Each structure stands twice: as structure tokens, then as C-alpha cells.
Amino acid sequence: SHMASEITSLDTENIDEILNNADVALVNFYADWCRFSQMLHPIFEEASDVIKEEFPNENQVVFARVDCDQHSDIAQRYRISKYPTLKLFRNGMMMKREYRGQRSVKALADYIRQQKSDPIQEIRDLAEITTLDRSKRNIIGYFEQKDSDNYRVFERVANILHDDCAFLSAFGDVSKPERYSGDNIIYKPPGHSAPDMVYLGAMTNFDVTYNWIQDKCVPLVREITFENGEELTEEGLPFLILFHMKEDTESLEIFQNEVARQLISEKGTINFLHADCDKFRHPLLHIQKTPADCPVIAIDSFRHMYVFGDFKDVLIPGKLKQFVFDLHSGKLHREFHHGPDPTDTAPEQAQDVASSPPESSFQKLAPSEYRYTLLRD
């Protein structure tokens, strides 16, 4: 059973050339027998027509498809774990974020439109840097001229990483006070206690400039939102989460510092995250917490949820590390059923609870069997 399409089907021979030449490429990884791929097929067909009218130039937007049953080598090459999967490429480079939005013609076309727009904000006067929103990260390029090899590298990097960080540009007499060294790039971390970080590589070198900028864009503890929730679950690690009100920035700072202090050993075993408690009231209900109880630290193993004792305890050395260790050892699961493990210097005896710890809430944000063919479980 195959459904006809006018979109280019990739195989082992043509894939590298087609992906490398396309400034932007949207690639549908599908299987004939996936009912969700089947429903997406006509929508993907019409979206490519809408986009090719808006973007008809030689290589500016290219829709393509991969039959993952016939080309299992290609599917594994791009770590396809579900159908349908919509990957975005840029000059052959696979973007971290997949399209996970609504499956409609308008939504797909809008995504391309948004991706093709200019993400860099041009500053008009250097006093805008003083008024800069320091809740976010910011990367600022000071250039002599927009028509330069230096800017074209910056432009390319910004196109890749705009969803991760705000990119700002300054030109001419506006930027000349900051260009005694020539063109330069500056990273401004969140908060007013962190000093600037300057890029000392060659701004004509894409690989090096991208690598330095990308390194600044990825926080140690990422914020989980509805937008990135699926992607975060696909990293296959349990969640260690700080639930906090958006305004209370000191709990986050405290949390990030202790993760950096104690949990570097746990880099590839548990995912460090923080979450706006008012947007995540329903997950908090799984553990019977409300924004009133925040800051709240919890683990979600994608089978159960466990609560950290008290946020203050994160100051006590070793406690946070121990909380992670107790997950992997099954101690957290045991202490729910039987109370805290007695020791000789600290036990009255708690009631036994035969029923299970709270169910996972972030499993609900993982790629769903109700809209994908899932390959992993």
C-alpha cells in the first residue's frame, strides 16, 4: 500500500546531495503502514505546494520524504524512533528540534514561514543593551557592515540556534564604540552577577564560531515547557525537576549551583530541569503539590514521581546527590511503601502503604501512541 506524492523521495544515492544543497529542508520520515503517516501524507503534500509558491527559488525550501521500511539504514542514520517524524535540515545539518506541532496545512506552512524569517534583532542604539531582558541569554554581534563574511557566519549560526537564544546585531557607527578590536561577538548570561563572555575565534570560521556560540546557548538545567516536553522525554533519562514560580529566581539560582556542585557525576543518567509551577499545576497534582508549596524539587522516573524532602535541604551537602542515588537503588520506591529507612540514630514506626507511589506525570508529555507509530516501546 503506497500513496502517490510529487515530493522527492530520498534514497541512499540522492540523500546527501539533496540535503546538502537545500538551504532549508523539511523531511518526512514515514512508513506506508503507519496510520498517522497515512493521515499526514495529503497534508504534507499540500503544505509543500503552499510553501513552493511562497518560496520558489532554486534551493530555498525543499520538502522530502524517507520510506523508513525500504531505507532502514537512513532511518537509523537519523535516529528515527517514531513515525511520522518531521526533521528540519539547514545546508545538510539536522536541526535539534523536530516539527511537533499541529498536523495541518496552515501549521506546517507557518512553521516554515517562521523558520525562514530573520531571527536577529538589529539594535538601533547601544543604550538598548542596558535595557536588555537579562532573564534570557543574549548573543550580540558587533559588526562594521552587514555585507561581510563575518556577518554571514553570524547569520547562519543564528538561523540554527534562534530557538535556543536571542541573537542581536549592531552595525556601523552604532557598533563602532564596541569595535576597537574589529568585529566581535559577546555572550551575555542571565542575571546581573554574571560577567560577559567574549569570542576570541575567527568570525569567518563557521565551525569554531558555531561551536563557541552553541556552548553558551545550552543551560545546565533547561526549562521544560509544553513546546520542548516531547523532545526532553526522548532523551531517555529520568527527570530531576525544580518547580518554581516564574518570578522566584533565587530558588532556580540555588538549584543550578547545587546541580553544578554535586551532580556533574550524574550528567548522562538524569536530566536536570526546572518548570514554571503555574504552567505545570497538573503535574504537581500527581504529587499533591500546588504553587503554594513551591519551590518543590521532584524526580519523575517515567514510572513514578518522588518528592525531595524540603527545598532548604538542597543546601546541605550531599542531600541532592543522595536523592538521585536513592532513585537508582530503589530506595525511593521502598520508602514510599514503608516510610524512611530506620537507622539506629533515627527511627515511631510509620504506617505501611501497599498501594504504589504516584504515577509519572511527564510520561504524558512523551511521544504518544495516539499520534505516532512508536518504535522504542
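Between two forms, the rigid core is defined as the largest C-alpha subset superposing within 1.5 Å. Residue numbers count along the first chain shown, from 1. What changes on going to the form deposited in another entry:
- Candidate set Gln102, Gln145, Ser72, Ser117; criterion, C-alpha shift of 2 Å or more between the two forms after rigid-core fit; matching residue, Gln145.
- After superposition on the rigid core, the Cα of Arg35 moves by less than 2 Å between the two forms.
- With the core superposed, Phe272 shows a C-alpha displacement below 2 Å between the two forms.
- Positional change of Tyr83 between the two forms stays under 2 Å at the C-alpha, relative to the superposed core.
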The other form holds:
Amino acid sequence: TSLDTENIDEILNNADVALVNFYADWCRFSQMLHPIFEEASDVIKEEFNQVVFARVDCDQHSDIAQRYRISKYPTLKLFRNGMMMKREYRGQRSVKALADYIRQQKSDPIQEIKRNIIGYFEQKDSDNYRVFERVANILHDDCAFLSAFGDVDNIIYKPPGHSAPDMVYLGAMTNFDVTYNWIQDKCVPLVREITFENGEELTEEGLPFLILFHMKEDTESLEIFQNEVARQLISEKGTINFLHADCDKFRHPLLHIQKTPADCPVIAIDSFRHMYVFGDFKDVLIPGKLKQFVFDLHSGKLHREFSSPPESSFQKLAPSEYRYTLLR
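With the form deposited in one PDB entry done, generate the form deposited in another entry in the same format.
Just the single chain follows, nothing else.
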């Protein structure tokens, strides 16, 4: 199934789930993938519109590629109801990995009766549930979703364990954008955790990183970074990614700025060209500082002098030229 201008909108808008291979002919990795994609589609006909496999020749349909923000070849996009998923298939390039992935994506995800959302419904055969299902289908990796039917409609967000109060959804449950955004807000915290599992996605968001490195149990530090970012940098959340990392797991980034977990908590920026150190941690409390730190990245002030700064460490988490042709 080769998408084009004429047929794309139909196929995708109606597909419950669509895996789309945006490729190019001259791409070594793409050419490697073609027959793997081919076999997995054959295997995924253990279904029966439910799940469609499709491809885009990004050289034939430049208009299509530019609109799905294809940053490299081959890109594997997931679509649900013709909406593109933010997460890409970033796993092993084998028929099994692929078919498993899709199986995973088509699965559960909600259990009918850590952070927890739960939905209350008259009927699974109703608009609201459809909307809930669709959300849980997107967000199952960030949250755990549950469904209670019958007597024995509403959405409740149950946060981190006891001594933390339930939060009730007040929006329209037939309204998918709002329901989506409410749940998404409760799931995806202002300062997100960076791991190797998710690192690559985070890089492809195209923002420099502002990171707190800290000692896993040290949460005094996370919390104070948490609301300093909130209190000082909200105005700048579209310019920079607020993140936190565990020192032991990221000793290598710490090597770049001549630090060890001993020195943690440490606040740094990784711009994808260089890494920059904030200074004393407790300096976060000084009113201007954190913000100025961010400001200075953007003004070029950090670069300057200080004779050239150390390289990005997090660029290695970004998609590899040993796995993809990379587009600029």
C-alpha cells in the first residue's frame, strides 16, 4: 500500500491503527527494512481496516514527508484514527520485533475492574468510553488506565501513593481534545525523567535539555528543581526541555562536565553541541539564576568564552547514523 497525495487521507483517517514506513530508495537502511516491513504485514493478517501497513516514498511525496516531520529514513510512524502518534517505533529492525510491537499496540490496554487513571461508565457501548479508550490507547506508557462498568460517568486521576488526594475530571467526556489534554497533564509531569529507554524520543523533540542529575533517593533536590522550573521557566517551555536524570545511570554525561555522582545534584544544559554547568545547586533558590542560565544558552552568552566548551553527551542518545539516514 503506497500512499500518495490522492489516497493518503482516506486510508489513514479510518485506520484504527496504521504503521507507516516513510522511506527513500537511496537509503541503505530503508532498503534493508523493505522486506522486513513486508513480512510483518503478512504476519499481522491474523487480524482480518483494523491494522494497515503502508509506505511513503518521501522522494516522490515531499509534501507528505514535510507534513509528518520526517527527520530521517526509514521512519516508522504509528497512526490511530488518522492521528499521528508522537512516539515512533524505535526498536529492533526484525519481523518479530515489529509484529510484537503492533500486537502490543493493538492490545488491552485498559483493565476492567505508579500513577492511575480510572474511568466510570454506564456502557462500554457509549461515546465517553470510545473517547477514554482512544486516550488510554495513546498514553498507556505514561499511565495505568482502568475501567469500571455498570453499577457495582466519570474520570478520576489517582496520583503517586497514599497521602495524595484524588483529582476529578470536569471536562466534556465526549470531547476528545480536552479529555486527552487533561489526562496528559496528569501523566506527563513538567520535569520528565530521562532514561535510555526514552532518551532518543526526547532528543527528537528538538529542544536543548536542562537537566538535574541526582541520586535517585535524593528527592529533596528533585522537588526544589521541580517548582523552581515551574516558578521561573514556564515562559520558556517551548525553548527548552526540563528533565531530570539519575547520576549512576548517567555517569557518562557527567564525565563530560568533569563531574561524578559525588557532586550530585548537578544542574546542566546539554544543547546537543556542548554541555554547560549551572554552578552550586543551592544557587537555584537565587531569584534570577535558573532563568538567566536558560537565557544565556539562547543568547550565546554561555559560549563565551569560557576555550571551547565540552561536547554534548546527549547527542549520542539521538538517532544514529549507523541506523538511519539523517535529514537536516
